[PDB]
Every structure is written in C-alpha cells, then in structure tokens.
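The chain below stands alone and is given in structure tokens; this is the form deposited in one PDB entry.
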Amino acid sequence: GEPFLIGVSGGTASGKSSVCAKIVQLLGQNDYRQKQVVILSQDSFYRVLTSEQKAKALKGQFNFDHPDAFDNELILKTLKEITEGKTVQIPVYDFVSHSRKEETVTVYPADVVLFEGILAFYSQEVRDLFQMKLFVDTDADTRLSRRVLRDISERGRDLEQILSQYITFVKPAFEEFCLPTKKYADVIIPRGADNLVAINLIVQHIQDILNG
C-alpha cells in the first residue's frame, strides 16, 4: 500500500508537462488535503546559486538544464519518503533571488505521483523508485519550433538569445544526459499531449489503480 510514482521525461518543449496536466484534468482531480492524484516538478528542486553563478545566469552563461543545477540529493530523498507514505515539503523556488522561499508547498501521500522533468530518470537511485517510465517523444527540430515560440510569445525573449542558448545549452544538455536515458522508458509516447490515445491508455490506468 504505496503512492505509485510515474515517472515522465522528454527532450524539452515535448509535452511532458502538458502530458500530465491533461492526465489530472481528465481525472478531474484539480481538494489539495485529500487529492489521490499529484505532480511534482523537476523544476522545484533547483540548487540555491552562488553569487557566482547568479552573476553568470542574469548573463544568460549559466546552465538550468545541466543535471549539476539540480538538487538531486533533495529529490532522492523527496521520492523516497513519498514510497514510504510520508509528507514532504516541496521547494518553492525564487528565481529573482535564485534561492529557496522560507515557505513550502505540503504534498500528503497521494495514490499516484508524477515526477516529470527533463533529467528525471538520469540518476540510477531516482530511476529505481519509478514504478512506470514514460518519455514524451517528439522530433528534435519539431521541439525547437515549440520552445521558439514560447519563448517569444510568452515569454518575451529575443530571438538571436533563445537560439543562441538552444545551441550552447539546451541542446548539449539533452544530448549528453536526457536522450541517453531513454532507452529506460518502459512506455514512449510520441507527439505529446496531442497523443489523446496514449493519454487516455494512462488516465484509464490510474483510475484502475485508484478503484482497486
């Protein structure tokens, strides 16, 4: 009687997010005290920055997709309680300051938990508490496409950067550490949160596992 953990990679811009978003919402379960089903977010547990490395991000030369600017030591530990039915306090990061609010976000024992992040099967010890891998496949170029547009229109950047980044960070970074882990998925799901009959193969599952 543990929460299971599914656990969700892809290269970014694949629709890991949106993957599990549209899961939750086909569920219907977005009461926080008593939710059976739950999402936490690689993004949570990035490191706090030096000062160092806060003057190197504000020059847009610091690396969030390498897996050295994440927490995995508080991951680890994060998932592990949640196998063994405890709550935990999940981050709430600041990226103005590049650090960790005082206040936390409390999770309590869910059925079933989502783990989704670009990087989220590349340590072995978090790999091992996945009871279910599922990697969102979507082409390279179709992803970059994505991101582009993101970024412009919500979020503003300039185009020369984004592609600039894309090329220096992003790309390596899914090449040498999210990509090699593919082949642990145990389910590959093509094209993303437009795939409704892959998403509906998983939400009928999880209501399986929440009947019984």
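Positions refer to the first chain, counted from 1. Note that the rigid core is defined as the largest set of C-alphas that superpose within 1.5 Å between two forms. First, how it differs from the form deposited in another entry.
- Residue showing a CA shift of 2 Å or more between these two forms (rigid core superposed; candidates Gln161, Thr168, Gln61, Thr50): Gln161.
- In a rigid-core overlay of the protein, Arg150 has its C-alpha displaced by at least 2 Å between these two forms.
- Residue displacement note: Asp141 has its CA displaced by at least 2 Å between these two forms (rigid core superposed).
- Core-superposed comparison between these two forms: the Cα of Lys101 travels 2 Å or more.
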The other form holds:
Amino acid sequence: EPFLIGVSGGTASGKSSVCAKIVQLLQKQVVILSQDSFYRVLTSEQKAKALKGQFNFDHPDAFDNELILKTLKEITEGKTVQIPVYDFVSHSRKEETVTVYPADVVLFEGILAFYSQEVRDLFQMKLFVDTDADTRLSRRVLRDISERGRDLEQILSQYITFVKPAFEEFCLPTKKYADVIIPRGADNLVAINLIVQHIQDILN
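For comparison with the form deposited in one PDB entry, please write out the form deposited in another entry.
We keep it simple here and write out only the one chain, dropping partners and molecules.
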C-alpha cells in the first residue's frame, strides 16, 4: 500500500513548500495532492457571497469531504484516480480533471486535512506547519492579490471575518494530532531532514 502523509497548518503557512521540500529530499515515486482541490461546487447564491468575500471557505463543510474520503481510499487501494481542478478566481470547480497514477508516497496538504477522523486515519504520518500569524496574513494577501485576482479590502475582510476565527476553531485544534509540528515551516530544514529520513527508514 502507498505511504500517505497528511500535511496541515493555517492559510499560507507554507504547507505546499514543506511538501515540495520533502519530495526534493527523498527510487521512490511521490505525488502531492492538495485538499483545496476538493472545494465543494458552489451554488449561484454561494458563489455570489464568495465574490463579496462573504463566504466561509475555511469551514469543514466548504470541502467535499465525501469525495476526499473516496479519492484517498482508492489511492490507498493502489488504484489510479482522477482529481478535480479548482479555479480560485471564479470560485468554481473546473470541468477538466487530473489523472494521478499509483505512487509509493502520497502527501495530502490542506488547512483541514486532519479534521475528519475518517480521513485522518488514512494517514500513516501527520505533520503540522506552524508559522507566525502576521507572516501568514502577509502571504495570504500577496498571493490573493497576485495569483487569485482579489482586492486588498476584500481579503482583509474575509480574513478577519472567516479565516482567523475558523483557524482558531477548526484548524488549530487539529494540531494535537500531528506526529511532528514544524515551526517556521519549509525554512526548518532540520525538522524536514529528520522527517525525510524517517520516511526513508519506514520504506526500508
């Protein structure tokens, strides 16, 4: 069976980088899936909220947890699966889909990857990325304006109304499940080195 690794942390904490850095240091086939690929398909009403930054994309229900469980389960079965593609500028699930063939190691990263116990138990290892909040906000802002076409005021309002409160209520609590908490994120090469070394040993 593949080796699943759950990676979590608040928004813009660097979960993706940490996943890339781990792959970089790890022959063993590896792939990185992201939980935000499974954002639920919004209604016309909901999508209207999102444009005004009045939608909670940080709540456990904002994710297609059902689809996540199935997809992850099949991967665990060694089957090759299809994965949805989410458009962050339109708040909509794209029509296209990505193929992901079997692998020896599978990293799944997202703000709420440890929330559901069903999904949480599929991970042979769980890591939590811890980054200062003002450092995180700063990145969320540059990324949102840049890569996701949004307005400064929309971002801060959404952050202050949904992201931060949701983080303290749903995200942070899941840290108690991590097997390894990584302060400073990807910059913590020592923590990441111990991790890739641990992964290698289990695969031997």
